[PDB]
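Next up is one chain by itself, shown in structure tokens, the form deposited without the ligand.
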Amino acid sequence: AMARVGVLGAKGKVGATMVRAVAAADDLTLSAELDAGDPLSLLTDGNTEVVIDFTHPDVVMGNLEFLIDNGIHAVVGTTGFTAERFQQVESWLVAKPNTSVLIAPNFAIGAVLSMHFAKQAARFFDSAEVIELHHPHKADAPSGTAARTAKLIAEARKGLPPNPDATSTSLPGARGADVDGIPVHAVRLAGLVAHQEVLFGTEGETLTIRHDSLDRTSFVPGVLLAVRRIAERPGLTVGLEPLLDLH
């Protein structure tokens, strides 16, 4: 049987890509392709079982309520998710169990692994730094992922000593951005797409985890994994991490 995948924001960048990806997938059939303004009833009309939603922060809450109200599983890449947005989703889910919602900030599997690996490694090293590298058309430095990683690292190293640093003389910015006591350096280079390197060190050894996103469509295999696996965990899951089944 084809799993019946609906895509919201299907003319949006990510949705159109996902529509294509569902087409190509042997196990998935596209049950409905909706973009801004399409009645959500088209989803139930077509017996959608799971929806990919990468719409705007301003419609996703509309979408989710309808999806949960109707027992349609949701793989959500839309951002703007406050704790007040989150609880609302869990509130909606109370009334409909056996409905799985995934909200994840990042669907590139390599990125999710790296962040996971960084989390696991953090407490074992004296030093941790993040170097992030992106194309020079990038507006924010450091990237969200780098900031997300550094904060993860900081939390993992709670109650450890700070990164050792004997710097007493410096040019401004030499030491990167300080995100919760973790230096984050942002390289902007023509030729690059999205890259991130977490470096850990202790006298005697270092450990580096490097993730390279070479395509704009890196998220694809992860969204697909999320779609395939989403029913395995009822209720709300934040982050793609758990669906990777890491043991």
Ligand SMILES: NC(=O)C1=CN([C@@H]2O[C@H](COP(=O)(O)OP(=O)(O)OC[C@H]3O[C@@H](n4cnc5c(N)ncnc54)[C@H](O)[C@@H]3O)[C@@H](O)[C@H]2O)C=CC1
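Take the two forms, find the largest set of C-alpha atoms that superpose within 1.5 Å, and that set is the rigid core. Numbering follows the first chain given and starts at 1. First, how it differs from the form deposited with the ligand bound.
- Core-superposed comparison between the two forms: the CA of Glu90 exceeds or equals a 2 Å shift.
- With the core held fixed between the two forms, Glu205 has its Cα displaced by under 2 Å.
- After superposition on the rigid core, displacement of the C-alpha of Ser143 between the two forms stays below 2 Å.
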The other form holds:
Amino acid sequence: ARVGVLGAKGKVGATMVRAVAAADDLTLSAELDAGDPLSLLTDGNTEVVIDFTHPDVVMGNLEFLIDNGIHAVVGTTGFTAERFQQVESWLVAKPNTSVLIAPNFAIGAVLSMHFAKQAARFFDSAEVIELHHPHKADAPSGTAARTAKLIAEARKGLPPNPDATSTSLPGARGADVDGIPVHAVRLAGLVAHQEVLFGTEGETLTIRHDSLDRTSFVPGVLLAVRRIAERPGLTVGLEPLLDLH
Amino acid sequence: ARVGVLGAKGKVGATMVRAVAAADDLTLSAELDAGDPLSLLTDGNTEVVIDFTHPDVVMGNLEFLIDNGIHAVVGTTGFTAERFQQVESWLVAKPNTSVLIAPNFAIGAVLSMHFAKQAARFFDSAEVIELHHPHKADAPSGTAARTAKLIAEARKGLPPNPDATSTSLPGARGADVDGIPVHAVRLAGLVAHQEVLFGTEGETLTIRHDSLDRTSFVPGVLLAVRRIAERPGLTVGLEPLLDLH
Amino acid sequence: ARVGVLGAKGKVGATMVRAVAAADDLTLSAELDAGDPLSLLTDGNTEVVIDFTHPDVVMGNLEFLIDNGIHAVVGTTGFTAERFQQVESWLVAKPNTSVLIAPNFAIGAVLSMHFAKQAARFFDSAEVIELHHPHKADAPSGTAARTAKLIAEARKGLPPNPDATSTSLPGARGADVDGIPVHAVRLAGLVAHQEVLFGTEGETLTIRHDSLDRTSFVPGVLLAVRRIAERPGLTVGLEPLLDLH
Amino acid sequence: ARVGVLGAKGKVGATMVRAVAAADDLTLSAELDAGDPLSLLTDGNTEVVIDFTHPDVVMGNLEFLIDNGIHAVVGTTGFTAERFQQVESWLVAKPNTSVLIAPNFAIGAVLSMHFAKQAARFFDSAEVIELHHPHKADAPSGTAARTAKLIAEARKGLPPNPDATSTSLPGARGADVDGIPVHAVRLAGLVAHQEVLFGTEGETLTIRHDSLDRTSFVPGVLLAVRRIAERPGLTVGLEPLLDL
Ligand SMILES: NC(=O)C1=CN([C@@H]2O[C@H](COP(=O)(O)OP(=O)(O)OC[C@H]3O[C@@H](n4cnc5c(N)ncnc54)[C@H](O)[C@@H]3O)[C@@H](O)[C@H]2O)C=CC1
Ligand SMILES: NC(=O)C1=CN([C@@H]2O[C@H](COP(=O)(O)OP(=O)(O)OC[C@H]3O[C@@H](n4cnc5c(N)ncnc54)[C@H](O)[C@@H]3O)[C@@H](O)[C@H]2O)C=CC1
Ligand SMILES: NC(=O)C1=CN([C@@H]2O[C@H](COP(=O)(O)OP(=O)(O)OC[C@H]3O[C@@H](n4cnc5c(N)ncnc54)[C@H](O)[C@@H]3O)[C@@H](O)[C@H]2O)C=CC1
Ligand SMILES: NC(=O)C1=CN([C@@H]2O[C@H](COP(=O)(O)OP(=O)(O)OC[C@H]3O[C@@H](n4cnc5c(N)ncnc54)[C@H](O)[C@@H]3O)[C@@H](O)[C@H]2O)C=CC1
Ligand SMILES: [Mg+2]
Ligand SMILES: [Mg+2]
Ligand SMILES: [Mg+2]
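Right, the form deposited without the ligand is done; let's see the coordinates for the form deposited with the ligand bound.
Let us now look at the entire complex, which starts with that chain.
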């Protein structure tokens, strides 16, 4: 269909600009960034809008698109429970337009997390290794900390990871994130990588997600665009569309 | 429950004897091997049997178990549609008896197959690498062939793997199973290993199962023993006991 | 040193221009591409040239550089015995000029092949897996085939890889390159990757090289540039600069 | 050769006894453990000894062996610069006798450490990840610590590993061993595994060693046994025998 992009020259936005044109099914209509009026959406006959902007502006963006007709695929972060009620509330009176908000539009990332969550229950041990370029400020990554927290929740009815360590050097066993060891590698030549390691007597199971650039998000978002016409109202996360949960 | 083991002295059977013994909720009631009469099962008031014997004997074992109303958890392989049908005929006469037959009792293997199936529609490319000890007679393994067939079925209606190969040495691109390349490594020091690879521009996802030892089969078997009576009649596979939906 | 680039607008050549400019022991003194007079090098008082052009232009360039006493670091491919002998012939007249020609300037790639060669004899089994983006025409890659032949040469007089394969689908066991299986994965989202697997009972050894960028060729070329005057005549390969003995 | 095992009831020693028995070219001549007199070696006309005993007994063992012109392949650890010099001094009396002492007899481990040292010079980043079964007492492993130290030494005169980390949880970045991150994974289902990661913008290089059981040391020990008399006196490490 006919696609618009908000935050159209930002890191993710500029990437989504090139991707829509490169698609056969999809035609570019509106590319709005900072300082731009939202009229250019109605003036471009847009069917579907992608939003990768900023927490401080996104709420104003949505109030518009709903009161209009254009579907909204939102990647922009900073969301609370009271914030979704506002989106749902605008959609109560307007039951024809569909909206989706996702904290992660990378399909492989969403699949990894889901598999980790399903697998957690069945193994004695779980650890996370994440590996990034050496310009990363935060250790571990947001994704690894979140994965660890989720696996730990999936494991709340099981004993802790077995570990006879009785002598160690500080830091050897990783960050302890809700009882899950998370290790963080920072290596020139790498980009963004995460392995989830499960183990039990006689077998191991490993899940690896590798992102080599900011196009890891593209198929996820384009999936959510090609498919936003299907389900009405608000949908949170990419997982419903992946026939997962 | 009172549990007997058929094939009690075998490689897997001896493992199961030990686990049934060590399991506090299960009472080991019989250990039968070659030349032991099946009457030993009933003398022990066996309620459930684990069978890890040989395709040549399992049908006669199963006939006795079913006739006597003893639940059966069968790891023994060689089961065909005809054998499954025969099992179901026998169970008609014993509506309260349950039989669970699984071709793969490693939970990590079953999970990894499930995950491959769930991921398969959401990437451009999919291949399987399997790696085994150099005494393996079949290439690719049953499991890899099964995995590639599942992945292909999952991807029905979607474009084939992209591949510009125009010059190749015979065999480089692996075995073709329904359009899914399967590569088989035979290496001293390995046991049984399989990696499923998924990719699209900007990201890859990998699921690696490593099978090191036969103790890996224990949780799968014991889960089936504990849950056996939940489904009267024949259940094929471990998947349903894993509650993945 | 005063360094020029032949093929400065090219995929690898522009990467090299940037490299020379950024390094502050080297002065970028010439950036020639198609249609540029070679006189530009002399009018730049160029001491060393990095050549990443085309097999069709390189000997001509080389003849110029050698006649003009300009040291040459050549990445351009298509070099045969006859071409090396011609270069040898030109350097007889110019004994204080050095030419280094390498088919692979990626230090990581060079090292991995050297390691594979050193390891090959001490293991019962050796296999090569290579994985590339799906726009690659040739399977296996030149590097993989070449790595498999080095491994085979090193393993002369040892038993073949053990392999009890009695039933297989064609292609499952990979391409046989001098007795060494080579498996070629073609997966969207990959670039250039190679894994060499060694195994004997009780241990395995894996060497994995991942090539993400053309900047992978940068350190090899710059090392060659910094060390080219240290060896008269013709050096073939990057290996001799890495001081691997 | 007639080969005796000192420490024949031990984890590794018993593995060596089996290996020497199954080896077509070698004749098992003695099996000694604690409380067996060393004269059983001379009684069996032992020509070479494999020693996987204990740091407290090994020098006495060596003294006896050198005195009796019996070659020694020694895996027992605890050797010091001082202990090497003692063995070398004893060897002046018996220029006829060869001793080989190695901290690691798994050829694949010795190869990976060699590869790591070589590669360490050529990349911006180096890290070590090791992965063991969850009954392991020490983190990181002896091998992983040894490796990180050798990688550090190779990288003297290079800038440190780049790393912009400005916010971390404690432990996320591993143990710092001489400037080399070392991460210790402890996981049920695993045995003993180590990965060495090197990288520079553009490319990475990884070397992975996986030990599957105690038989990982066998070929290295047997090779040492076979080649021991090539080099008179004391050889430290297996590396020389791998004709690198
Ligand atoms: N869900 C996911 O998979 C992902 C979500 N994100 C999130 O997306 C958001 C944006 O992504 P980045 O490219 O990292 O940020 P960015 O700072 O690079 O891009 C933001 C862009 O939005 C524009 N913008 C600001 N106010 C606007 C307004 N009222 N109307 C239209 N455009 C406006 C800016 O000019 C800028 O070009 C961030 O909050 C980030 O956390 C980022 C990556 C993935
Ligand atoms: N489904 C799964 O996850 C797995 C299935 N298997 C299968 O299980 C079976 C057994 O495997 P292994 O333990 O490796 O073989 P095994 O040959 O070592 O064990 C079989 C045992 O059954 C005994 N046996 C033969 N006839 C008998 C009879 N009439 N009554 C009682 N015992 C009898 C044998 O003497 C032997 O002790 C094979 O078919 C194998 O393929 C093995 C591993 C996993
Ligand atoms: N040894 C190594 O590690 C590597 C070698 N190569 C080889 O290097 C060569 C170039 O590689 P790419 O950059 O991919 O090719 P490219 O086609 O992208 O660039 C070649 C450049 O050379 C220019 N050129 C043609 N004739 C010229 C002349 N007479 N004087 C100056 N410039 C001229 C072209 O206009 C073009 O800009 C190829 O032969 C390729 O196989 C590529 C990668 C690595
Ligand atoms: N270089 C290498 O690759 C390896 C070296 N080692 C080292 O080798 C030594 C033995 O290792 P493990 O088998 O794990 O220990 P272990 O404790 O299982 O074996 C030591 C054996 O030596 C015996 N012993 C003690 N005094 C003796 C004597 N005077 N004569 C003959 N036997 C005697 C003990 O009873 C025991 O059977 C240790 O120093 C260990 O650190 C262990 C593994 C690998
Ligand atoms: Mg019990
Ligand atoms: Mg410069
Ligand atoms: Mg023998």
